[PDB]
Amino acid sequence: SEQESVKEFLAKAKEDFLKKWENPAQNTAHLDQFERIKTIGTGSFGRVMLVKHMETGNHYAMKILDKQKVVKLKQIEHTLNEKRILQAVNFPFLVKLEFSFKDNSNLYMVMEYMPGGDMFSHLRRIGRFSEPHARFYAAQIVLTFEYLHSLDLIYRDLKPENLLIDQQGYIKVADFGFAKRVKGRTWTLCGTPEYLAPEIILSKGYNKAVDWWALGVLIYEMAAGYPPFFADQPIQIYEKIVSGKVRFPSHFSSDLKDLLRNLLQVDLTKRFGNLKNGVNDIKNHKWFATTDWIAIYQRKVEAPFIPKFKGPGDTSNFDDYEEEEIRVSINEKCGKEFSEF
Amino acid sequence: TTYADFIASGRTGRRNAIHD
Ligand SMILES: Cc1cncc2cccc(S(=O)(=O)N3CCCNC[C@@H]3C)c12
Ligand SMILES: Cc1cncc2cccc(S(=O)(=O)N3CCCNC[C@@H]3C)c12
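Just so you know, the protein sequences line up as chains A and I, in that order.
Count along the first sequence from 1, then add 9; that gives the number in the entry's author numbering.
Count along the second sequence from 1, then add 4; that gives the number in the entry's author numbering.
It cannot be assumed that every hint is accurate.
Cross-link-like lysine to any residue pairs, in silico, SDA-like; alpha carbons within 25 Å at most [as the list claims (entries may be wrong)]:
#1 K28/A to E86/A
#2 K345/A to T6/I
#3 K317/A to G17/I
#4 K189/A to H23/I
#5 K81/A to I11/I
#6 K345/A to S53/A
#7 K249/A to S13/I
#8 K189/A to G55/A
#9 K81/A to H23/I
#10 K266/A to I11/I
#11 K317/A to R18/I
#12 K83/A to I244/A
#13 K29/A to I163/A
#14 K16/A to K29/A
#15 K254/A to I22/I
Don't read these hints as lab results, they were simulated from the structure.
Using the sequences and the hints given, assemble the complete structure.
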């Protein structure tokens, strides 16, 4: 009857999601309501700033997207997906979109601020995580993917760079740039090279199974300290991914290796998460036998690593980036393209 | 060691997603 409680939790979560999916929150703040403090991150799409909402004094991470760059990069549809989805979802290991708005030049997404840093920085410093440490994080992603997939969402960008550590040592998935709501197959080449399932590389038409492959990549990297498929250039990584070979460090437990062989499975009829038992082939695997799935959800397990608190607006867990100034044009750009934002 | 190969490689920093 564990399974019946999960079903009804998920049915209730779908009614909650669909209301917001159908009637999206829109224009819920303005730039002028925020004091900009420091640039705390950038990707190849825009830039993220620590801001302070002046009316409440709360700190947030504000993603700024230049509409003209989104259009030139052909990321219109993905950006509409990203915001529509993130404003609709509600799960403990998903970063919260607090406000969104746009002006003549930019789109803005204001999310909860996580001063503890990304998993990526902690992993590189420490080298690798212990099996128990990796398992605590992996558990949160298993639940998160069970949630997302139940809403017909594919995530498509799992990696330590997209996982932030909150003040209890739990994680939040924090970038929804390539998330999509789709029934059936989708075809876009997207993701991060090290994490791409073979059916993406091969232009084959794919589904949520790509997320579970990616979870295998994450668990491997967390526990080894390096990815299962690495090379100096992407085409060399793809050749390795599509070969069907993986080698495991000698310190990997036999249960870990068996899990990973089932997730890093080129054969879609055999990949864990994509069989008739679904996510339960994972949650019941021997590597997960000590994981109390409900206690993880409720955040009652003691975290293996709590980042040291230094203030709600401290930025010492992020690198320094060059400051650039936000320029807002007196003419509206790309109005029609982003009307639903 | 494989780990020494990784940390000397071209892709140890934050990795971007792929485009178009
Ligand atoms: C999500 C989406 C959402 N809204 C409108 C869309 C219009 C055209 C294409 C898409 S789309 O599916 O994003 N899309 C284009 C990107 C590459 N893959 C082909 C596919 C048809 C839309
Ligand atoms: C530092 C940070 C801190 N707090 C919240 C955040 C919410 C979303 C993104 C970030 S972010 O890390 O700046 N960020 C986006 C930039 C590209 N890298 C992926 C990563 C998730 C936040």
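A quick look at each hint next to the structure:
Note on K28/A and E86/A: the hinted pairing holds, with a Cα-Cα distance of about 21 Å set against a maximum of 25 Å. The suggested pairing of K345/A with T6/I is violated, with an alpha-carbon distance near 51 Å, which exceeds 25 Å. A C-alpha spacing of about 23 Å is found between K317/A and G17/I, which places the hinted pair at or below 25 Å, so the restraint holds. For the proposed pair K189/A and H23/I, the alpha carbon gap of about 16 Å is at most 25 Å, so the pair holds.
Of the pairs offered as hints, the one joining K81/A and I11/I is violated, with about 34 Å between alpha carbons and a cut-off of 25 Å exceeded. The straight-line distance between the Cα atoms of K345/A and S53/A is roughly 23 Å, inside the 25 Å bound, and the hint therefore holds. Between the alpha carbons of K249/A and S13/I the distance comes to roughly 16 Å, so the proposed pair stays at or under 25 Å and holds. Between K189/A and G55/A the alpha-carbon distance is near 20 Å, which keeps this suggested pair within the 25 Å criterion.
Our distance criterion of 25 Å between C-alpha atoms is met by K81/A and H23/I, whose separation comes to about 12 Å. For a cut-off of 25 Å, the pair hint linking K266/A to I11/I stands: about 23 Å separates their Cα positions. At most 25 Å may separate the alpha-carbon atoms for a hinted pair to count; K317/A and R18/I meet this at roughly 22 Å. Using a Cα cut-off of 25 Å, the hinted pair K83/A and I244/A holds, with the two alpha carbons roughly 23 Å apart.
Proposed proximity of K29/A and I163/A is supported: the alpha carbons are some 18 Å apart, at most 25 Å. This hinted pair checks out: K16/A and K29/A have alpha carbons roughly 20 Å apart, not beyond 25 Å. Note on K254/A and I22/I: the hinted pairing holds, with a Cα-Cα distance of about 23 Å set against a maximum of 25 Å.
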